[PDB]
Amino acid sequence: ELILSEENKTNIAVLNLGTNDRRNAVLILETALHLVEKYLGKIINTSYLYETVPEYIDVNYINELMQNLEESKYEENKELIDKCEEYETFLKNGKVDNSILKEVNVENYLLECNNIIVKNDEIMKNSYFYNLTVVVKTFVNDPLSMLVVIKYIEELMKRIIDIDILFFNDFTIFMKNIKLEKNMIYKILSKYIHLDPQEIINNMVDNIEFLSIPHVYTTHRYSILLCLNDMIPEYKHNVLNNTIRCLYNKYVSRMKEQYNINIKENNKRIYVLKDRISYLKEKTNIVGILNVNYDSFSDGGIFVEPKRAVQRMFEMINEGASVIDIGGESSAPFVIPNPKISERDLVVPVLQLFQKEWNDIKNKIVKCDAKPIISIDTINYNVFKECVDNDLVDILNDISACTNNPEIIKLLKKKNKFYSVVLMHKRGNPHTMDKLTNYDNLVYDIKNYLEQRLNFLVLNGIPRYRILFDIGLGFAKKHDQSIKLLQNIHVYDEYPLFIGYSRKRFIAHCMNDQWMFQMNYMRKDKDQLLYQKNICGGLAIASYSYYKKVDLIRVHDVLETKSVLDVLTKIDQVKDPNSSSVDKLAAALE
């Protein structure tokens, strides 16, 4: 057929990825993402991950499968891109080539989809879901060939994974009765892959019964609209009454007006720090600060002490940190800048020792749940690479928001493995930043900036749910501006949020004059009071952060922060949510 014509083509597909395994959602779904990157094209958009309920309310397999992967007949191009013309035109939505497969008209499509909806409704009369959408700049020719490959991808992994096609360019397709020859399937597969591997094919004939573009359930299932609203809010297919955002909002409002259900509440947005699910805005996590320079040189010393540094790492884990943020800068520890020690030499030994010391005192199989996520405050591609290659780190914390070296973004993807990234807003360096303070609209300039970085990383296949925002308190902000940023923190209610107020100069600015600091050298009695005040002022920001549902706070003082967060969590922990009005009523009757 025209299906097999070897003239190279660039198509835009939109996929849905589903699983119901809570514990392994991330590994399952990220495995599927990578086989889609490998066997289909380039991932150029992702939604958040979502824990979904229906609208009314086995692992070692994978790790071994990655070695025995059949090669693609197309080479995957890791190169960074700034835009993508085909995607820009898919959104317009401008003139593309005619569909290879036969297209149905709007009316017939709708009727065919409605049939499937009512027929499946009757069957269900005779669960937690984990959902994610993706956009693929695809080299595959047509929706059906893609479905054949999708089916193969599924079978390589096998209800553990369900991959659907939601859109494929601007086409409207309904194909009724699909009889596929095991030899026609092979020719499609061999068109894209360097090919028992026959039982796989035999399973597929039964599987592809029909084909629907857009997918049947596209506007009917909230979870799909929910995902598509992150990626392509303004998009309008010929088959839909309105744009994706407009459809999504109507669903939310109608569910509210007609059934008195808040559909948002049952359908949770997820971010991923490492390998497990985190529910957006459901926990304030403590990130422990380990500054190697401060640990070593601030008392007057001239040598790095990796042991002392690793002692502090364990002290933080015990004090209640979930994440450790480790950083160094290239510094000259003598009077003359004559000899100096590199960032690599500051951070990698400490990371190496921590990893060694972890694998020892872990003697029981049980103490591995207690393993902190590891974040590295670096803008250096080489530092990050050695960390990632020797499995020393989980998260890139990039205070330039990946603008120092955008190639650092390539190191956030391996094959199977994805790493998470913090992007922070700043201007200049520590020497210049205090003067770089003019903003046309402080709150929204920083937000738009961070949003643009996200769009860039998302365009290059960094999964949306792995990107965290940091407003960079104290970095090119006057003290009143750091305060204004906190005042307007709600502006990040849709996003994973990572902040760092700890011990910054704007805290002292909140005090009018009208032991929590462990001393490195002897400061005066008057300076000790000021440090107490600052760490306490910080604990006030922890409280504020707690109530504002900030996802991650970066602190020097873990024990103190944890104490605060434990007490606020307890106060919020209520057994019976209406017992307040029930007890009140009982008193009124008494």
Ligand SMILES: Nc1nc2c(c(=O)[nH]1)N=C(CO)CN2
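In this text, rigid core is short for the largest set of C-alphas that superpose within 1.5 Å between two forms. Positions refer to the first chain, counted from 1. What changes on going to the form deposited with the named molecule bound:
- Only one of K478, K362, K256, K371 has its C-alpha shifted by 2 Å or more between the two forms once the core is superposed, and that residue is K362.
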Contents of the next structure:
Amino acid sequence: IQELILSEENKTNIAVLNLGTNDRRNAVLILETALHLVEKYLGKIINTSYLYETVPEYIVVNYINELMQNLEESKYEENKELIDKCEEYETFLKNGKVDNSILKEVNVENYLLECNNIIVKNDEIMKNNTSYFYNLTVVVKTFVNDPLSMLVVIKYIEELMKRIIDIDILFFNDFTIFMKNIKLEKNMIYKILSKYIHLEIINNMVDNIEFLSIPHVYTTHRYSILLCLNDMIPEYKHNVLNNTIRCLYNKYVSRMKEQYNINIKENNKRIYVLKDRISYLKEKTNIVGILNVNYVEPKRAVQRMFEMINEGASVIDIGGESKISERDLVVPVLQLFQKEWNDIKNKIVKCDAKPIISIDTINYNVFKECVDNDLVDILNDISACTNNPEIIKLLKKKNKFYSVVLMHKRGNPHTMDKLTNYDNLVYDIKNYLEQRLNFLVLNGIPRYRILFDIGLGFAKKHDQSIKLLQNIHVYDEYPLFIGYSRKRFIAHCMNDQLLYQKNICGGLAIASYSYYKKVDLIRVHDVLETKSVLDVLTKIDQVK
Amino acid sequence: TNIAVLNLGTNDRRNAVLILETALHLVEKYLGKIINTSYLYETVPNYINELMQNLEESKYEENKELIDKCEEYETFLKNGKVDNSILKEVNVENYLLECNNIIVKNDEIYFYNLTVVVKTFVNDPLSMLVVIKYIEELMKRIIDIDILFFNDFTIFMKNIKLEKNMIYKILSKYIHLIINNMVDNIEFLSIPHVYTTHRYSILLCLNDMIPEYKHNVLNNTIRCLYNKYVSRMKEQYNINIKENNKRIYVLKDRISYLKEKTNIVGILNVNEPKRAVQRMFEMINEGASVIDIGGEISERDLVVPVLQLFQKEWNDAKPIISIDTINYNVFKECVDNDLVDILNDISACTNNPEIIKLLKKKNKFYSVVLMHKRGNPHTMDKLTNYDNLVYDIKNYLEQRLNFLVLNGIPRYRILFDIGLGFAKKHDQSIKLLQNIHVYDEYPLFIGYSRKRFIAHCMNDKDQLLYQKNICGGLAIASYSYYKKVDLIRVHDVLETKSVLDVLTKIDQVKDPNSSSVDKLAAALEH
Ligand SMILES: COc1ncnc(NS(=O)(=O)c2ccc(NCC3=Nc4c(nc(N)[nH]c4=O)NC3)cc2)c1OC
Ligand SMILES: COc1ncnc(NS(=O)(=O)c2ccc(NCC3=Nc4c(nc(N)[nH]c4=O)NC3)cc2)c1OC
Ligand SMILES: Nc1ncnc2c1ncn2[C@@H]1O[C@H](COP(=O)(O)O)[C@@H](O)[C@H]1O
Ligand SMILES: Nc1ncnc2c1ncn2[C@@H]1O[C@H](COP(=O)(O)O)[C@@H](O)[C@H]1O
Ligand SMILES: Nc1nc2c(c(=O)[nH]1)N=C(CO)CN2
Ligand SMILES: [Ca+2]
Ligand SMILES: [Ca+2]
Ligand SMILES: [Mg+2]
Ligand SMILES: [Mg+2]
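Having gone through the form deposited without the named molecule, I am curious about the other one (the form deposited with the named molecule bound); can you provide its structure?
Let us now look at the entire complex, which starts with that chain.
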């Protein structure tokens, strides 16, 4: 019992996990706490799905903050170093030569029978007599020897966090396992946990581990699982599966339309996260108000910030970059705002009226200072983290994750207008942003915290800027952020302060278009004007 | 007194209006009364001034008297007991064989169509064809006028030869008075016309006027025959037939394709004539296609000088001029002095139905905006109970169009306005916009600009509300653009033009399938 499980030969495995909660209000917090415990106790997070609000598929407070300060250390070291490839993961996808399973495997026929046996039994049990699920999948490059050991460590995580959180193993390497009548005595659980954790309870866990199925029994039966896997590993084909995850996903979607007339997408919603709350993808065009700092007037800038809030902005994007350092332009403004917002002698109940703060910077030192001082929520990196990818390390704090805008450009402001050739503009830009996302996600950044920005006017001719807008549908599956405001291409569409006026007016046309295209965020100079447009369009859509 | 259905055709694109409207007058002058018209259609298979002055007078009197019913026309539609045919009438199968015989013989090798209904004093379709061919000759493919129906008669006359003596005495019966080309042209006579059920353009026009008509020859109602052709062109040939067979409305004298452009109508609201003519020029330069002038010291004194000064300064890309009046005498003056092109009647011509008489001259037709409202400015906020808001207003406006059409105002010159903010609560104005698609078949003109409902949608204080209200209007401009509203009446022209331009640009796709092509190319690349 103690020989191959606690074997000193350290290996690198690939595991796929499903994370789920029922707590709508705290979903982000619950799930992201689990994500941290996974980085800490299991290995490295190298892929995530989007977050989903999910229809239940049963049939065929702040102690979390205090837990985070009392965690036992892992026996395995964290490494935040950027990686550009992962060999084990490539092997896992292909899906070939890894180490032999230390747990006994079953063949396909045995797996299928045992799996169906569990499901029929479960459908029957459950036919007895509510709330949405919040789901996420993750890929972990794990130092844990085997899936039973991993299940033990996962149950500990579940215990530490305690329906609040459900963590399941969907895949572990290419293994096919069905062990039926597991009992591990308490000392064996202790021994497993001690291999991985500097232990400082177990009583619960003995009861809880009844059997082990790899793949998870419900992998092919739950839409919510297939929905999450489709984001991460669509080309993947496990031995016990009739097809790739993408094919299984697509067939499920059509099976609901043809056999049931249900569009299964309608009540299973994709979620992105700007700060700490759920946003439904494509459900709201958010206004991002632009705050340019270039003079020094930190008091005037903070007044403008407050003006913008009242004018209707959900997000404030501050930037010094377009003598005195960038840091000295932005940090004092953010420090003043932070003070002035805290010294609100108004309703302390009115504290969920705070705008999300975004910083338009490519510079590590500036972002590092803002983050340490709790001055910002989002990184707006116009180089899509290519100028200094080390910034990606600052998006992960132990309990906390930050969101990030990835924008496309070529060159710098003086070389930009030259670098205009594209073989296939729309798709070049899209694939570029997709590749940039794969890199952050490979490096442990939650997929649902990443925003795509085509970068209008950045190494684009005016016709190319227009064409990217005509073809904006290309981002229908993704969180989309655009900045068209006061850019020169608008003017090029119209048939000196009159020219500045027509430009602002022309932007509001793009605000309308964005609204109808369900653009998630628009970065604008003119907040009041934009808010007024969106309000009217919203009201015309509201059927009473 | 007979009921005659005519088709009128031309192929000159530039002068289609002037060609077909002149033909309309000559029909009015020489044949009876126009009591129905269709829309103008573009379908796919000039000293008229000198002619208008030296025109021969009819043997019948022209009365512009309004009517609200026409019993003969109602009997035509039924189709009940009418006067017996004074000509050789064939039966069902005999007509069908003879019909097929002209079709197969002709099957051996842009079009602008308009149908009309005429209450005619002319005794028979053959006599009418004589007057019709004479009408065609006075105007000389330039204009072709056919007889689609004459009462309920099933007629075929196999070979016709008539002399200068016979033709002169038919043409004398109806006119006080060359016959050279006329003798050679009249070969035969078919009632109904041979191509009635065959050409799409004909069925398209007839569906405007007489959808429930069922001639003894034809196997279904004009609508059911129309609807079959539409569904068969899609199912059989995978072609949307409405793509190349476009509906036309006319604002002045030029063709406008229904639902193809959102025109800006600039508001000139008087109370100083010099300042107001400056604003008109400004508005043209900001991108207004139409100017809407309204004073409503007298209404006439506020507006007629401004229009007269404008007309002059222009003589020292012309905007279409619209007058916002319900006053008969004010419109009459403007129209006699060629100062306006359009009547904007906010009472939908119910304040004074006589105003409709002024939308016609010998050579002129003016267009009109019909707006829905209840009451006056002081009472309207109270008059907000509707059985079915959306449908009561549409039917209301449809009844009004029918009335103007019964009286010979061309169908294609009448514009619909829902009257936002007139006897509508804020939610009802919104509901009306939400349901604007109910006007997909019609020329639609709306005015939201600066009205109170815009403000109600929003979540230095009075100046802020003013600014928000102009900006909120731009959202409605955008909506109007996507919904394909034909005209929008606005205060802020530059702003609205800026918005419409950007939206037009976004919509101009150089290659209509480059979207899927580029997608495939990306999918085929490593
Ligand atoms: C030399 O003068 C010029 N000549 C021709 N075209 C020009 N381009 S432009 O006027 O259209 C223009 C204007 C402003 C910008 N940058 C503003 C930003 N735009 C964004 C941001 N962040 C995010 N995420 N997305 C953004 O779109 N941060 C700042 C870029 C292009 C131009 O200006 C540099
Ligand atoms: C004295 O009465 C009033 N009292 C309080 N608030 C009022 N404000 S309101 O915003 O609801 C509003 C504003 C303007 C109007 N009418 C302007 C016009 N509107 C049109 C037109 N012609 C056409 N064809 N279509 C038009 O919509 N001519 C003039 C109607 C309602 C108000 O109305 C004048
Ligand atoms: N791949 C798996 N991941 C998680 N739990 C599993 C798996 N295979 C079997 N189980 C068992 O399923 C039960 C967990 O159910 P739940 O409490 O709903 O997560 C426990 O008895 C586990 O031992
Ligand atoms: N119902 C009808 N209306 C008009 N013309 C007709 C009719 N029946 C036969 N025709 C003949 O068709 C000729 C005109 O043909 P077209 O102008 O080429 O369509 C006339 O001169 C008539 O002789
Ligand atoms: N949609 C959905 N349904 C479920 C889920 C879940 O995560 N999502 N988890 C279950 C057992 O924990 C039971 N049912
Ligand atoms: Ca780790
Ligand atoms: Ca007459
Ligand atoms: Mg579970
Ligand atoms: Mg003909």
